[PDB]
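Here's a solo chain for you in structure tokens, the form deposited in one PDB entry.
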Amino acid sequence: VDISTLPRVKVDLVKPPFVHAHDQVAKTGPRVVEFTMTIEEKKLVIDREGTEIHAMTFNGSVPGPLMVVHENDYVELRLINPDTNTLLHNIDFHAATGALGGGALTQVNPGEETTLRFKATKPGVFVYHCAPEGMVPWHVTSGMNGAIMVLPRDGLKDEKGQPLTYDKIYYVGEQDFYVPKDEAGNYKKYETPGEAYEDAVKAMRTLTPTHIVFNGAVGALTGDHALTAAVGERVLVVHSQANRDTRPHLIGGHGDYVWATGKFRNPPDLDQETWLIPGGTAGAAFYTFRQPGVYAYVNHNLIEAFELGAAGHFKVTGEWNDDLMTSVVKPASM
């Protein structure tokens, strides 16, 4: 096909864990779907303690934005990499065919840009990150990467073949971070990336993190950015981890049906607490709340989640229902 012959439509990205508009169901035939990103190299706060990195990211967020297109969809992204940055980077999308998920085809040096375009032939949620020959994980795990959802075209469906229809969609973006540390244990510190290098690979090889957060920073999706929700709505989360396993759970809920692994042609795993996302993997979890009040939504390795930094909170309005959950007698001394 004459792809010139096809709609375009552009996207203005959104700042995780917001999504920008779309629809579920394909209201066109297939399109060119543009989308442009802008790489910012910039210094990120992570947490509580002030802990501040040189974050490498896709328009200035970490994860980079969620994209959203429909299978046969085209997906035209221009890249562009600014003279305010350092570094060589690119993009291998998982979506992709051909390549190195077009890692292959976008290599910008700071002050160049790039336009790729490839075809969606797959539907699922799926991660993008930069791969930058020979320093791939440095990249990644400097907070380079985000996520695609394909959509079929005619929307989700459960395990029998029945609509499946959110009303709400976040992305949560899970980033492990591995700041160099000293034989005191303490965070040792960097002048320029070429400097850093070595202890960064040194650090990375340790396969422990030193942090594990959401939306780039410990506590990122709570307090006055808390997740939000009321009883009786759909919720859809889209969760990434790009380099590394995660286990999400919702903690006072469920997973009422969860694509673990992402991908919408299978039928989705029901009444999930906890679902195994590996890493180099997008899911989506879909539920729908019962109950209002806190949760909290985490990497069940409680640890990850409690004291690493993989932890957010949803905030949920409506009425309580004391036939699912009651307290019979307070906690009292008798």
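In this text, rigid core is short for the largest set of C-alphas that superpose within 1.5 Å between two forms. Positions refer to the first chain, counted from 1. Compared with the form deposited in another entry:
- Among the residues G219, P110, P193, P137, the single one whose Cα moves by at least 2 Å between these two forms, once the core is superposed, is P193.
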The other form holds:
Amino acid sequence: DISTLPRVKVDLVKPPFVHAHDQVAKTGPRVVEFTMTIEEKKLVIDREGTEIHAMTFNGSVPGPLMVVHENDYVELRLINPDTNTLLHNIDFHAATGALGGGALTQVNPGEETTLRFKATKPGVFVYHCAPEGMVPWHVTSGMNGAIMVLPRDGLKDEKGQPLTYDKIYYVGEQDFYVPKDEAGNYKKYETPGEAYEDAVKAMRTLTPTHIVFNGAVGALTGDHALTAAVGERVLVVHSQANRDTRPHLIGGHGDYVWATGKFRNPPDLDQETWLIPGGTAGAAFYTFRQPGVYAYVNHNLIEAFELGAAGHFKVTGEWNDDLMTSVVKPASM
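Form deposited in one PDB entry done, so how does the form deposited in another entry look?
Excluded here are partners and other molecules; the one chain stands alone.
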């Protein structure tokens, strides 16, 4: 009887950060209560000032990472304020039935709904809006995020021994299809409905104009670089709701990788790069061994360095000359 279970309210945080949780469940099964407010907003996605009408869960692209344990109940209050213009809904790939919830959560501006589902399968999973007849338009407007369903006993390696992260980040990767004029210039629009009228043609090229982490070119760089220390264990959850990606930590590895995101499977070891299919979340665990700057990319390097799918880590600590050293620094002789 679900009414006899504990309820716990979670307040979500902005990606790439992740709300506080326990890896190993410190209670029995609970109803975990989340609230997300839909926000349609203009967003500037590149250094040039290109503006799109983003469709967001909780004001961000991606939407925030939700975290529960296997056989918890997720109870989501989804709010569509009357300041918005479109109907929206939510499909959880973690959930079973009713198109992942999409059939039960259609909210017009000025409406709200509350969905409950049982998180029966452990893993990271995409969630995304999916209104009938407008599915790729909403997803590729940014209206997607992810949920992590941890095993109740936390993460385990390929031999059954604990894997415990010290830090967790959520990298949402977004393909955008900004329509162009005949010469190749990106259009701007006053409303999402105006933007929609060029959108299907732009999408059907299957060629994104931009591919970004955390909603913009350069978002995970500078003062917003990801951080770690030598010795620290970091889990990077990575989602792509619509298009394949191939994550790679430049100067590191995925020591343990669930490339398709599902923790009942043993992780792949020692990956350089891995394929997260479109419509999936994946997760990589790494223990840092060297300080300095890393880049974290989609390793189609055009998509990374020309279209925006690149972020940085800044890692503190002790350089290991056993692991790597410059024997003769660049010089002319």
